[PDB]
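Asker: Letter by letter, the chains look like this.
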Amino acid sequence: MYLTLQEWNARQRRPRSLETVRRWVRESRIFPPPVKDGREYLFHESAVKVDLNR
Amino acid sequence: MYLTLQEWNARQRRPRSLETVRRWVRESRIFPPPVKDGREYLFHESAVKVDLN
Amino acid sequence: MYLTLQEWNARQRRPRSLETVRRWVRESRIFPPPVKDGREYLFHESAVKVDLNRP
DNA sequence: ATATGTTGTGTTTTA
DNA sequence: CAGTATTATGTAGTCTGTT
DNA sequence: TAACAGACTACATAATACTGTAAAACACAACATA
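Top to bottom, those sequences are chains F, R and X.
Just so we're on the same page, this note's numbering is the position in the first sequence counted from 1, plus 169.
Just so we're on the same page, this note's numbering is the position in the second sequence counted from 1, plus 71.
Just so we're on the same page, this note's numbering is the position in the third sequence counted from 1, plus 1419.
Because the hints were derived from the structure by calculation, they are not lab data.
Just so you know, not all the hints are guaranteed correct.
[Said to hold, decoys possible] Below are the BS3-like pairs computed for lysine-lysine, each with C-alpha atoms no more than 30 angstroms apart in a straight line:
| no. | chain 1 | residue 1 | chain 2 | residue 2 |
| --- | --- | --- | --- | --- |
| 1 | F | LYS205 | R | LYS120 |
| 2 | F | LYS218 | F | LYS205 |
| 3 | X | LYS1455 | X | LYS1468 |
| 4 | F | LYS218 | R | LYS107 |
| 5 | F | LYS205 | R | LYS107 |
| 6 | R | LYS107 | R | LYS120 |
| 7 | F | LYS218 | X | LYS1468 |
| 8 | X | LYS1468 | F | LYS205 |
[Stated by the list, open to error] Estimated spans, in silico, between C-beta atoms of each pair:
| no. | chain 1 | residue 1 | chain 2 | residue 2 | range |
| --- | --- | --- | --- | --- | --- |
| 9 | R | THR91 | F | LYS218 | 25 to 31 angstroms |
| 10 | F | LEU221 | X | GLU1426 | 23 to 29 angstroms |
| 11 | F | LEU187 | R | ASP122 | 38 to 44 angstroms |
| 12 | X | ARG1448 | F | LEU221 | 39 to 45 angstroms |
| 13 | R | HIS115 | X | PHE1450 | 45 to 51 angstroms |
| 14 | R | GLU111 | F | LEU187 | 15 to 21 angstroms |
| 15 | R | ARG87 | F | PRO202 | 37 to 43 angstroms |
| 16 | X | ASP1470 | F | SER215 | 42 to 48 angstroms |
| 17 | X | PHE1450 | R | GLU78 | 48 to 54 angstroms |
By construction, the Cβ of each residue, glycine as well, lies at the ideal position given by its N, Cα and C atoms.
Construct the entire structure; sequences and hints are all you get.
Answerer: Quick look at the structure:
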């Protein structure tokens, strides 16, 4: 199933501002990369911001 | 699901300065280890300070 | 079955206004394109909104 | 006899 | 965050063709 | 017919694109002392 940008952001470790999450998408930080259905982004529910630590 | 560094520090017996708690993370003295999320660390609620060796 | 516009629209991930969906049909964005039966459009069950540009 | 707190500089990420 | 700009969708009104 | 689907035309709104600014959170270093 697919989420809105809002719905996806609400379900993360820590939700950020929508404006930030959009910048993430513009910057190809999210995989799979969402697709703009009309005027709004759809994330697949499996979609994640990619990262680095341990 | 997690706590921020502040949120975690606030529930410890002795809260310390932010630097000190960061030092601990740097030196792997928190288990389980926190995950970095953007610009801040997120702790497991139950993470403890641990000194090995 | 073939679906009405309304029924088609209702099965999509993000249902829109009927007017929007009609604008799509006029622009050929639905594949396969709907047929015309009397007054109304009727859609293939697997019909999907597609993007006919290649940016 | 060392962990902690304070002050300062700089980078990255967020709002 | 605030601010300006871009574009698809949303809404509303009128009109056209069909049953 | 009266009712309805839809075509069209105009405008309003929402989600985003982009730019610019401030600051949060942290890494690192130096130093002070309880």
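Asker: Hints first: check each against the structure and report whether it holds.
Answerer: Status of the hints after comparison with the structure:
Between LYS205(F) and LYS120(R) the alpha-carbon distance is near 45 angstroms, which puts this suggested pair outside the 30 angstroms criterion. Restraint check for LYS218(F) and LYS205(F): satisfied, since their Cα atoms lie roughly 17 angstroms apart, inside the 30 angstroms limit. Annotation: proposed proximity of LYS1455(X) to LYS1468(X) holds, straight-line Cα distance about 18 angstroms (limit 30 angstroms). Distance hint between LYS218(F) and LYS107(R) is fulfilled; the C-alpha atoms sit about 12 angstroms from each other, no more than 30 angstroms.
Restraint check: the Cα-Cα separation between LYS205(F) and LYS107(R) comes to about 28 angstroms, which is no more than 30 angstroms; the hinted pair holds. For the suggested pair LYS107(R) and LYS120(R), the alpha carbons sit about 17 angstroms apart, so the restraint of at most 30 angstroms is met. The hinted pair formed by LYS218(F) and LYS1468(X) meets the criterion: a straight-line CA distance of about 27 angstroms does not exceed 30 angstroms. Simply put, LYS1468(X) and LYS205(F) have alpha-carbon atoms about 13 angstroms apart, close enough for the 30 angstroms limit, and the pair holds.
Remark: the range hint 25 to 31 angstroms for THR91(R) to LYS218(F) is upheld by a beta-carbon distance near 29 angstroms. Hint check: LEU221(F) to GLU1426(X), Cβ distance near 47 angstroms, so the stated range 23 to 29 angstroms is violated. Between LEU187(F) and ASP122(R) the beta carbons are some 42 angstroms apart, a value that agrees with the proposed interval 38 to 44 angstroms. A hinted range of 39 to 45 angstroms for the beta carbons of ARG1448(X) and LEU221(F) is consistent with their spacing of about 40 angstroms.
For the pair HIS115(R) and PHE1450(X), the supplied restraint of 45 to 51 angstroms holds, since their beta-carbon distance comes to about 48 angstroms. The hinted range of 15 to 21 angstroms is satisfied by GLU111(R) and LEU187(F), whose Cβ atoms lie roughly 18 angstroms apart. The beta-carbon spacing between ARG87(R) and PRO202(F), approximately 41 angstroms, falls within the hinted interval of 37 to 43 angstroms. Checked against the hint of 42 to 48 angstroms, the C-beta distance between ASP1470(X) and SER215(F) comes to roughly 22 angstroms, which is inconsistent with it.
The supplied range of 48 to 54 angstroms is met by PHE1450(X) and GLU78(R), whose beta-carbon atoms lie about 50 angstroms from each other.
In summary, the structure is inconsistent with hints 1, 10 and 16 from the numbered list given earlier, while agreeing with the others.
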